[PDB]
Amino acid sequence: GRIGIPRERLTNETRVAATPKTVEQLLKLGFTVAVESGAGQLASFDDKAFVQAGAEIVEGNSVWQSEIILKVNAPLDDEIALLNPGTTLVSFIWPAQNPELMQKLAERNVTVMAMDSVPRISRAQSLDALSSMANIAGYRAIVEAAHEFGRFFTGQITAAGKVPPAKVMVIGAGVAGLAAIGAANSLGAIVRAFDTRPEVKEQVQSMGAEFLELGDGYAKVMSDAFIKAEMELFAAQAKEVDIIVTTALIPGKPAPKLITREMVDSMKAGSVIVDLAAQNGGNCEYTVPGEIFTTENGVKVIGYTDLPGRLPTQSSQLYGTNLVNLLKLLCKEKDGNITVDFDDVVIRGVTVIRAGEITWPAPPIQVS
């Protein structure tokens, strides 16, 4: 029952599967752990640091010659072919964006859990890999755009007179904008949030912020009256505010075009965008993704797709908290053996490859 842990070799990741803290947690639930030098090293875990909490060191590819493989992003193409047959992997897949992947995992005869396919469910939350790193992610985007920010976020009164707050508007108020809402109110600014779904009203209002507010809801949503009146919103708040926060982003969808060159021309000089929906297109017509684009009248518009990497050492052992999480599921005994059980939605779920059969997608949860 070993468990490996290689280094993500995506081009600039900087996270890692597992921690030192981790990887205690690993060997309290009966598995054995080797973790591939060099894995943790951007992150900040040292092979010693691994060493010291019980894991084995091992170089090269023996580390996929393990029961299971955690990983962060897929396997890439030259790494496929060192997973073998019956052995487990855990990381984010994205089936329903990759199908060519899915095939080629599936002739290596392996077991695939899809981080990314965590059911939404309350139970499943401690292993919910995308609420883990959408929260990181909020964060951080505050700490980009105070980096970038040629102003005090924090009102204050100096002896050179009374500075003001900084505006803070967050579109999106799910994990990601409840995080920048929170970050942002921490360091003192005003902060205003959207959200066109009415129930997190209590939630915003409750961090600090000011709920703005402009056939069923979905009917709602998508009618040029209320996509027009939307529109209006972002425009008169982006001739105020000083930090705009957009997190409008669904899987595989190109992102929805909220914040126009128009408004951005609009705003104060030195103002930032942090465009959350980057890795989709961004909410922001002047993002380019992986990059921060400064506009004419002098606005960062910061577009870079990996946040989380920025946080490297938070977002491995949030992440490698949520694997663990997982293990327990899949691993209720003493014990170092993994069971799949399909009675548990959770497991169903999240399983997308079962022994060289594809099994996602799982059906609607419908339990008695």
The other form holds:
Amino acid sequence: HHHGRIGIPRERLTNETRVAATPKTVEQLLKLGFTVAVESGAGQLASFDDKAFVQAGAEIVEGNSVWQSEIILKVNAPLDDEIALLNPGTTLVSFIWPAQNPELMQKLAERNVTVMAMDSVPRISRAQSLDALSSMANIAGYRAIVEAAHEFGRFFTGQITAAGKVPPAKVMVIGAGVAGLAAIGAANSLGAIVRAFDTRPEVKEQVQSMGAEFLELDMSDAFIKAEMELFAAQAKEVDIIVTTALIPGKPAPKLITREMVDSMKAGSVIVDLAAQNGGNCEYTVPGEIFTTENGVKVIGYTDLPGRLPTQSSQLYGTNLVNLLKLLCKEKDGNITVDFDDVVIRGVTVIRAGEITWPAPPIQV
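Which structure goes with the form solved in complex with nicotinamide-adenine-dinucleotide, now that we have seen the form deposited without nicotinamide-adenine-dinucleotide?
We keep it simple here and write out only the one chain, dropping partners and molecules.
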């Protein structure tokens, strides 16, 4: 028996580099009164070796041995042959995406387990410390710029050289949510001249506070036309475009057309952070870099957080710790679900074998 033990399995999803705990989060989990079993090699792709987990106080296990834990933390939802190894009474925490996965939901319910979906955390301010989506979008903004710099053939950073002045790169960020603000931030660190647009005017003051230009137009379309004319104008002026625009519950809006890209200066780069939802850019090939005929690199990776695995695992694993701080107020290795707390109600999609998703309507 393994009450109060958390099992951290190796991620089985193709090309996943992240892990749901790091040596550091493990020290934190033990402070909450749990024990931790990590499956051998779980952290290798994220640069956390077996020995560092053992040094943090975890036990390395080999088999399905990790599944004999009372609690399982993962990045991705379990596959069929994992689901069958979940014992009754187990609490599983991972990304689930219940709306897009009704059969997964039924198979978990049948194991008589509790499930909290890290995608279903309500976006209220007190829940920010558990919000994995913000965590990942933040990494992705940062990484977007790291990829852009990697692919770009000029200095990002302005500079006085004996062989001439070099101007700074000009970067347009589309969407100044969590990812777009991270991208602004990264680009600023490299000394770029940054411009941003968002439809939500309330971000104006954060964007300008970062030394970036908040772009203005000349809603509900024909607002789109003035937005597209802005992006067409900007596309001929800038070197780098980072596009991050999603609308909850929809495909990704085409904001950057083939004609906009075609007008850009050769050697320009586009990082399309909405690629997994189809991309903001018409040239985007999800999963790849596409190079246009005029010499523009369109970056469409769908795994920017997995291209920064150590940092992603750290922050995600902190998200899970912070969720467990809610569930284990006494620090005694025991989980208590409180449906009066709207945060816990949001996140809990199965409770001991009963589907509890969707949560009652909330005001975010």
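Heads up, when I say rigid core I mean the largest set of C-alphas that superpose within 1.5 Å between the two forms. Numbering follows the first chain given and starts at 1.
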query	finding
Identity of the moved residue from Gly150, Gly298, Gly86, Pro251, C-alpha shift 2 angstroms or more, core fit between the two forms	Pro251
